[PDB]
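Encoded as structure tokens, the following chain is the form deposited without nicotinamide-adenine-dinucleotide, with no partner shown.
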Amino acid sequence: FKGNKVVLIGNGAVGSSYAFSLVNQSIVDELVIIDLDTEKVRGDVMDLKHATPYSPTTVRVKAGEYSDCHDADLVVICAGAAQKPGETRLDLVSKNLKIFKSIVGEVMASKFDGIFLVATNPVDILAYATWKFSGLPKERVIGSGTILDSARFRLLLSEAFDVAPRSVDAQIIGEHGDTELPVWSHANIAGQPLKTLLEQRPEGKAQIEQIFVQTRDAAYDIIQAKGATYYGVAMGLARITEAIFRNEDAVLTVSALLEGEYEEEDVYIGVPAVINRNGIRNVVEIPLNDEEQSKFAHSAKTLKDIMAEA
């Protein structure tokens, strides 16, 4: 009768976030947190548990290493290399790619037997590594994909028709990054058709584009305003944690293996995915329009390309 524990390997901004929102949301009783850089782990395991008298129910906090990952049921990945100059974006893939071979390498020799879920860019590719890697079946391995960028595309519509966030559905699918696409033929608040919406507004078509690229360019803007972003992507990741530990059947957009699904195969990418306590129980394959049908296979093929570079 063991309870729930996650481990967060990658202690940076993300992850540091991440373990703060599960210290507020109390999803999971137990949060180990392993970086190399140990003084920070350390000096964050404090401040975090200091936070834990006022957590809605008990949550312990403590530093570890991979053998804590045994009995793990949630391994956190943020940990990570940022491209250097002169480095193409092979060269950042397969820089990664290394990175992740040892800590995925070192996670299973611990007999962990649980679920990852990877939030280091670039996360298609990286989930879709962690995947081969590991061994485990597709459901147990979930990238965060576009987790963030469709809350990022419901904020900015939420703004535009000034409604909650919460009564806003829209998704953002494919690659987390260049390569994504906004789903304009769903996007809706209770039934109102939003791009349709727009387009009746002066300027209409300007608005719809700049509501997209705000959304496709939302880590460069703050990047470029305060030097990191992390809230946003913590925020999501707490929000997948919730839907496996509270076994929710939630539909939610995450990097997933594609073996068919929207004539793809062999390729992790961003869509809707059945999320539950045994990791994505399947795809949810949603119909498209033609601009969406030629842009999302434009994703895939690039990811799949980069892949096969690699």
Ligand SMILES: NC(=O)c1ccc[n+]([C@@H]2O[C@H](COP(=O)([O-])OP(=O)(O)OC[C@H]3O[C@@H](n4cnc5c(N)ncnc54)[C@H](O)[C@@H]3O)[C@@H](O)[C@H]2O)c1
Second form
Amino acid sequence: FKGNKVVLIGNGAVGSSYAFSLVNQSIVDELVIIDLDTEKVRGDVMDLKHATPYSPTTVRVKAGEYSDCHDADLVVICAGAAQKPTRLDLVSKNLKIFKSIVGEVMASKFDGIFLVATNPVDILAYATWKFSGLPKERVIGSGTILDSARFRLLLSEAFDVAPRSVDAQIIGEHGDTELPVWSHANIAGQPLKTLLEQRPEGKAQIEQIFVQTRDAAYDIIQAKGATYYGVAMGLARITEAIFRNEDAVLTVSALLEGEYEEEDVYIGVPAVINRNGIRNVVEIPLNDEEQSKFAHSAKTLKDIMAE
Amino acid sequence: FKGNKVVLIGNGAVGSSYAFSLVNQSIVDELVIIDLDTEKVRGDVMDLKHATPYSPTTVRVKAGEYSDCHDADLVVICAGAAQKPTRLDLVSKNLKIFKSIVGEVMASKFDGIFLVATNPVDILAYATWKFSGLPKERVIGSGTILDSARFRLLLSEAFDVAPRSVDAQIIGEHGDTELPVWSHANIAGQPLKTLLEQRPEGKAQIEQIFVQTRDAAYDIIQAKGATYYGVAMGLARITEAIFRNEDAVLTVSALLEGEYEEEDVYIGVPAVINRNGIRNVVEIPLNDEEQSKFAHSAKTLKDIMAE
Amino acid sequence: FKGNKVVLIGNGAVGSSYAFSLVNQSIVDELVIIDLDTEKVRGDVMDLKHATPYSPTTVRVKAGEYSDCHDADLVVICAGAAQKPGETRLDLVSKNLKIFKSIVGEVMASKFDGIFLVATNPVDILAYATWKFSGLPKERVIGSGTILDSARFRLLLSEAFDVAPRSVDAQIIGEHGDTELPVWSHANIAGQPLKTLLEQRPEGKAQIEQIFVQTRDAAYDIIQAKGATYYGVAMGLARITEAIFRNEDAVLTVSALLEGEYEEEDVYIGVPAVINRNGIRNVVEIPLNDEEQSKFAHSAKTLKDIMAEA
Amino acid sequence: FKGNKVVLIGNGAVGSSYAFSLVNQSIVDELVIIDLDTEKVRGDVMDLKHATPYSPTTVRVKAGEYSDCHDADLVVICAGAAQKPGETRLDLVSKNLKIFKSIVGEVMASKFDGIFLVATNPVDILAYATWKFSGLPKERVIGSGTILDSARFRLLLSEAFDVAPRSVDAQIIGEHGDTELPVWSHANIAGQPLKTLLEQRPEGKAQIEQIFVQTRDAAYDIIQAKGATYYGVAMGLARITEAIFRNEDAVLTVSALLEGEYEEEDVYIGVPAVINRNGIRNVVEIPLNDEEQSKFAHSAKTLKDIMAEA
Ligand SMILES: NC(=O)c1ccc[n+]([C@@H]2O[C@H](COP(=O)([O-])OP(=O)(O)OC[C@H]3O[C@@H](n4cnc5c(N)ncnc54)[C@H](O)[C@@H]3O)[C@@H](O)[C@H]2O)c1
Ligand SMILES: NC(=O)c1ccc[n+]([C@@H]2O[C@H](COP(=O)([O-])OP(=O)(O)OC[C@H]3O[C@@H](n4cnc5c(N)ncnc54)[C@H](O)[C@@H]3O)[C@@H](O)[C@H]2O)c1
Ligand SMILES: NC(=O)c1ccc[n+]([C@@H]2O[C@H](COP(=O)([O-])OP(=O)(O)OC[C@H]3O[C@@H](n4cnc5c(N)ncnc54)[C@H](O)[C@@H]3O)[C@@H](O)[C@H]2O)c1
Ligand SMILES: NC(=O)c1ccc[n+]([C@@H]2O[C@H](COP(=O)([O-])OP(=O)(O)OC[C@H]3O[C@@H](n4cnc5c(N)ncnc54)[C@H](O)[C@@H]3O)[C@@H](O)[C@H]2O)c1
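Form deposited with nicotinamide-adenine-dinucleotide bound structure, per the form deposited without nicotinamide-adenine-dinucleotide context:
Full complex below, order starting with the chain above.
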């Protein structure tokens, strides 16, 4: 008869914004925050606590230590300073951080679900699955949860409708080799790419919508130095699907074992999410262009992991 | 048949966190953000937009200009860099900022409600009321919305209950002369001060609960350099009461014209909030200690305003 | 600076269930209830008021009269006894048109200038009638239409495919009635082509048929079991109410007037439409395959024929 | 990693309205409904499923049997026909005790190991009976108690003082029934002493009396008007369900077992109590003035006397 407990590890821009989302949304009743920077944790925990009397239902926020994971239900990892303006140097640094973090978490007796946000997210989700020894269902990367929302946002602007009425997806790596699933993107059945094609310079519009999706992080970083709100909201959406046992289909980074003809790689795909984590990957039809790009994205990830 | 539109002026730590609260809560469907720092606005607006596909209902976020206030329903002012480690220098700087901002807003044909967060909030709410020429009902300062939540939070910890089950208030200036209303603070009728009195060193506990309420901002600033989550949440709570026409009693900074035997001053008091702003100030019984402190707080504010 | 005010006219099974949905959801802060049966209203208004201290945000409920519509934002009509077994379709239409002429007349006489949402059956016919009786722009008169049929179809698909209903994108369009049609050319879960998947199952053609038959005949099945339906329609009415008051620009299947869309005119019928604070912003015209085109035209014809007979 | 599962036993006016509140609120993701009247259940389950595609998050509704309680988290009992006019109190208790012995017995035989929430009247008596029949710890058996009476009192005060009900802090404690009492010594709006304010009004003593009489006699007034009450109790049951599943440590007035609190023992009765995922964490013992002490003791005595007679 325990309540719902999330432990956030990494309380930087992304983690702290995620914590605030949880205070606004009341998805869970207990939030523990762990970071090497104990002064930032202390200040954020106090500031966050002071919002909780206005939370829809009780949320308890506290500064924690690894032993606090013993009975946690979800551990969210947003730890690792962002990449400074090489990919393999970043991967090496962050893999060491994850070996340490996941080991400390598992030592506490944690037996819940991991949700990973740290970049490169597909690589670090795969690493978390390997280091934790947990079933694939219980290790999730945020993957393209955010890329898909960006794609829907830009489509909602192009077509002037609620983003909740836009069904559209980005799949593949969270990064340069991601791809739009135009064969499915629609508003109540309106074929969006086909409609854009018929606009003047509609081919340019189709390209721009995806370019602005793909390069959104860069665009935000150039403007204000970091992104955090979009990721925080995506992490909260996945958190909701787990704690409310939704069986909701969300694009997240999931392990493939044969789906899409790929094996032994975490990558962004639609998957059914519920209280046990990823129930299953959803295998959707892709057109030839989509098949080509998705295979290339998976190859890219598996190559990075070999290096 | 217009939707609900908020214009935020000042997109720093406080304003941006408030914007994110609105994206999480879907209180209103349109949010316009104005700041001198147009690059931070550009980056925040993009990042915020990317969260909106997961908002409960549609929220549209855009970068704006003053003409965008013409049909705004609420204008929220969080503009002015925080005080650098004199009070009158701060007041002078911020009063000039407000004369400019409120003048530009009124020039747009704005005819809604102002909600002010910039410190000193009671002084700047009073200034906004004077500069805008609007009825007192339509100019609100956040006042002790946050101090009251801090007080309830610390009481919820002392008594181990949901903060939503703690009825407790801070009134007076948002600052050094604020006061706890212990004559009323209760959980389902349990007299909290009386119960604390009976604990060992209970007098020390009563003092600490208020000291930690009063000095919370300082404590948070010492730890992480600024506060923003508690204020953002309080601003969102007031925003909710207005747009959902609640007639909710909240402690905010309101103009007194005879209530509590005070005139011509904005100060933190319980007030009924609804779609027209502050419907009325609620005049509660105060004990002698409370009467003394509240009068002193109002005097302090009126003295600052004379200087 | 007035709040959001809904007037419900017709406080039977459907209307009372809609009122309770509003108390649970806090979409608006004021709900006024009108019915000829003033004892039921008095009793329901008290019972509903007693739930409001636990509503998410303030909801005020009161018993009303037509003068209360003067500053109403939305008038929801669920008035008219349900069709009695053996009562002819044309007899039901005749009686409900009379009721609506009266109701809409008294509403407009209050100086109401908001939006109508109609639930009473036959909903497409009575929405059209409300539009004609009221004199309002088409944007401001909405029938619940297939808001409920679409949810039923999505529910049954969510069971067939074992996922959240919110992850099923599927629609019923046409008349809220015997002539409605599934839009299988677009029904999908994250791009999964549902009809194509079903076809591959053993006796999959049978499954496809059953999913639609169970959607089409749902009201009959519920009435046979418990005598009336109300929760599904109350929830659909609440969903449309949310789209209006939260100004969502949400695409929902409702009964809307066509003036050229789908090559039809002068008929209200169930179609996807963008809903916001001004009501129906526009009808969304989606591609239909040949079978869907055929059935949709027939549904529109059927509705126009019924109205010609009335 | 199982989800949150509620089993409702008793799908009449109260239970069905509670089910619909769960569909509106998405407190839990699975709702199973059990009743002797399997046709009503079949019809209600379909109607409710059709609302779920518009629920905030997934809610699965199904018709159930007792074996489905094995992994239920909460069993809510709203079973028993309401008391018939002229039927004696002792006759009603006798019949409902029999029903409860049967229901609780079949639930425990499923290997259920969750929490009971009981609504059936007389609720304090039947909560005590559920505690005794089930063998569970007192924390895990809760009667709705004065959850509804408190909301009624707050509603009437919110009208008297013209503010949001959520801003009125006021409570009814004691038996859910004739012997309940208002806690005027604490009823306040942001510290405003409500009884003291009312006393100062002309005929204010009359107003104070009427506010309580209208609270005490609300069910009678609603039944006289429309034959049964259900929305207020459904909403109160939903509020307790929320406190449990969201682990709130919220203070709510419910029927709880006293073992020394208020100087009473061996009785369930309406009191403020902290509610969280384990059920009733503790009873809150608040100061009562002399009049409140007198009435509360009398209410507890009345309940113990009724149980002695049964
Ligand atoms: N959509 C996405 O998946 C997405 C979006 C934005 C950012 N990111 C990534 O999220 C990560 C964090 O970004 P940020 O902007 O919040 O960075 P940040 O620098 O603000 O925060 C990183 C935090 O990690 C902490 N940390 C480092 N090592 C730790 C350890 N061993 N144990 C506990 N804490 C540790 C640091 O103290 C710091 O507080 C980066 O990898 C960034 O690229 C991902
Ligand atoms: N509870 C409260 O009332 C409370 C709590 C915390 C902070 N505050 C106050 O809120 C204010 C903002 O704090 P912050 O931490 O967000 O500061 P910040 O420095 O992060 O942001 C201030 C913003 O105001 C903008 N600005 C300045 N002049 C402007 C003008 N003329 N027009 C438009 N924009 C202008 C700046 O560009 C900057 O983006 C301060 O007064 C702070 O003390 C109040
Ligand atoms: N999806 C849908 O559009 C849908 C679903 C279910 C029911 N319905 C329809 O909704 C309508 C109501 O069904 P119900 O089961 O609630 O019926 P009901 O008999 O329970 O209630 C009808 C109410 O209308 C009131 N009424 C009749 N004439 C009136 C008038 N002139 N002014 C004010 N009130 C008047 C009656 O007094 C009664 O309370 C029926 O047409 C039914 O077929 C539609
Ligand atoms: N605030 C409150 O605690 C409150 C408020 C209103 C009503 N009530 C009480 O709630 C109870 C239900 O009222 P209602 O109006 O919903 O009654 P109802 O007659 O509409 O429903 C009672 C249901 O119980 C079912 N039932 C009877 N015996 C059963 C058994 N052995 N197993 C399974 N199901 C069985 C019946 O088939 C029926 O569907 C009554 O005791 C009533 O007085 C309590």
